Each structure stands twice: as C-alpha cells, then as structure tokens.
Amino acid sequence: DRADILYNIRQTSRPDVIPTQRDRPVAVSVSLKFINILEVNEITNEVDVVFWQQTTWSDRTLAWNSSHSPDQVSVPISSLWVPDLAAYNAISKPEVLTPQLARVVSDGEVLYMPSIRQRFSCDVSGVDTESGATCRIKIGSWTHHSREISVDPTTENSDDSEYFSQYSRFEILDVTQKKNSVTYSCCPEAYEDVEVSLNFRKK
C-alpha cells in the first residue's frame, strides 16, 4: 500500500514546477522554531542559530483516497517540489541536520520540517541587557514573486519555551513572525517574506 502511494506520487510529482491551482499563488506556510543560539558576536553583529523550519504547502494533484489506506507517507524531498526559500540576511549556507524527508498527506498537503543550523547578520546590540537583543531574519522565495508564491507565518507570537534548549547560555524573550514584502531595483517584482524577530538575552 505504501509503495503504491509512493509510486503514485512519483508518477504525478513535478519537482521543478510550482504546484499552482487555477493560476493562483502557492500558499507556503512557514514558522521557525528556535532550538538553540550557539554563538553571538556583539562586535560583528552575527549570530549562529539552530531552528526547525516548519514548512507546509499543498499540491492537490498528489492527493489520494485514504478511506482504506495510509493517509500519510514519508517521501524524499528529491521526489517533490519544495519552495525555494532563502534568508535575505544569511551569511552561511543552511546546514540541514536532519533526514531530508517530507510527509505527504492524502489530501495533498506536504509537510517539511528540517532542523537547520545557519549564521545571520543582524542586530545583536543589547544582548547582555534585560530587554535583550532583537535579531531579525527575513525568509522568502528567492526567485518566485508574490503572484507565484505567497509566504504566510503560522504562529505570529511565541516565547518558544516548548522548543528552545534549556542548556543554551541565552534565553528567548519573544519571537514574532510577521508577513513582510521586499522589492529591490535589481528585481522589479514584489517578493513576500516572513520577518522573524528573535528577541533574546544572555542568561
């Protein structure tokens, strides 16, 4: 049964084509769950963090009738289209720490949540104060403009207490995740991003 679902997905999946339905934007939901803050440099304004990037979207062409079969399977992301997300202020490659598999649900939803370690250029001033530093990370589709891909945050506000390591030397005060849009003279179109504002301080 599971082999048959994987076969179906592979027959139907077009890994290089955005799964647009009726010419509508593909809605990509994104939420960073911070796990650790490993290194912070107040002189260079850089941070080194680990987060789970909870990512979901739909490709209805993948759906199947699961009334008498599995309603989810794990799938190598190499078999799937996946959004071309990138952080605008990353200064290192995203290092994926976990198996590169997504879940496909029988209604066509795709769930992908890598643990990623990555370095960013952001405002680290105030990290050793009670009110803390606020490091902003902007994440969006690198090449698809707003007509093609829309990015939506899932949880606008959280202290992340469920996910964050208790052994970090930093503690998280608040994480806000809000829709935002960028445009540059290089690239006329509007591009959606989620702006992740990480408010943290040294313990």
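So that the term is clear: the rigid core is the largest set of C-alpha atoms that superpose within 1.5 Å between two forms. Numbering follows the first chain given and starts at 1. Compared with the form deposited in another entry:
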Given for the second form:
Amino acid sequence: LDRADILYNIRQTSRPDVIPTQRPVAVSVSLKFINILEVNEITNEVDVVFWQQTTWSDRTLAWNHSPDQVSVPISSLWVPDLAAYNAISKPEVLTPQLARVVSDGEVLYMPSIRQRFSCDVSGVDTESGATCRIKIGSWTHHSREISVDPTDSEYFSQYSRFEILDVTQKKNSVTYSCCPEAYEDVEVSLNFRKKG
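Please could you give me the other form, the form deposited in another entry, since above is the form deposited in one PDB entry?
Since only the chain itself is given, any partners or molecules it might have are not part of what comes next.
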C-alpha cells in the first residue's frame, strides 16, 4: 500500500453519510483560540477565530509496510454534525478542509474557524473580564449515537486588542422539547478582557 492506494480505497469505499457507530461514537472537541476580532458589549456579540480540534474513530477507514497516516478531504469522510448553538453566523472555514486519518481509523480534523457568537460580553473592559460561553454539540444525533467530550493562549494572537485570562470546558446532557432523547454538548467558557 502506498498513499495513492490508501486514498483511493477511502474514496471508493468512503461512506460519509453513515455514522461509524461500533457495536455511540465518542467525539472529542476542543477549541484552540487564535484571535478575538470584534467585541460588542451593547449587543453581546463577539467575533472569534479558533481552531476547532475534533477527534473520533471510524474503523471503516482502517488499513494494514505502508504509511501510517494520510490527509483526506472531509467530503470523503463521515464527520460529526457539530454545531455551535449560540453562533450567529455560519462558520467561515479558513483553512483547507482536510482531515488526518491514522491506519487504525482514528481521525483528526482541526480547521481554523472564524464565527460570530451571542454571549455574555459584560465586564469585558474590567480586571475580571467577560466570560463568553460557547456551546457545541451534535445537531441531530442524540447521546446513544454521539457523545462529546473535552480533551489558554498558546496560539493566541499577541496583536489582538484582547487577552485571554482563562478557558474552562464543561460537558452537558440536555433534553430538548422537540425530542425524547438527550443530546450532549461541550461548553467552552472563554474568559477574556481588553488590554491595559
């Protein structure tokens, strides 16, 4: 097997529409914040840029003197239907939409995303700063099909008007009126402020 063969196989046998459940798919989500571009304390809206690190297992991609990994167009893979509940724009994907697939079927996808959110911006210009909570989960898959779990400034722009004080991550299971099942989400709390 060479890269070409591996990539050919994944393409022809790829089943993107099909959730790779084994005998729920455990999805890991983590936001790596890169920049905060605009803030509005009046409207409670922020414009953020972050790497959305997403991790899961699709055994149907696995393979046996060959490369251990390849980069694969996500259009050829099943991807979890994650959405940000309080996003107020559709995510602008900044980077090439490639996933990374390991021979055992593990998948990394980590696009850089710019997106606007509705959240608590109050206090942004104080010592203690604002704490903006972003809620991400599967849109249509309940807890028996997809589970999400977590995994501050390492990649954060030194040239932003703002700075990051802290990032905390909390996991939840919520029942919505529309449906009987519980749907999991991760809540990323971004604590930031305008700089002195």
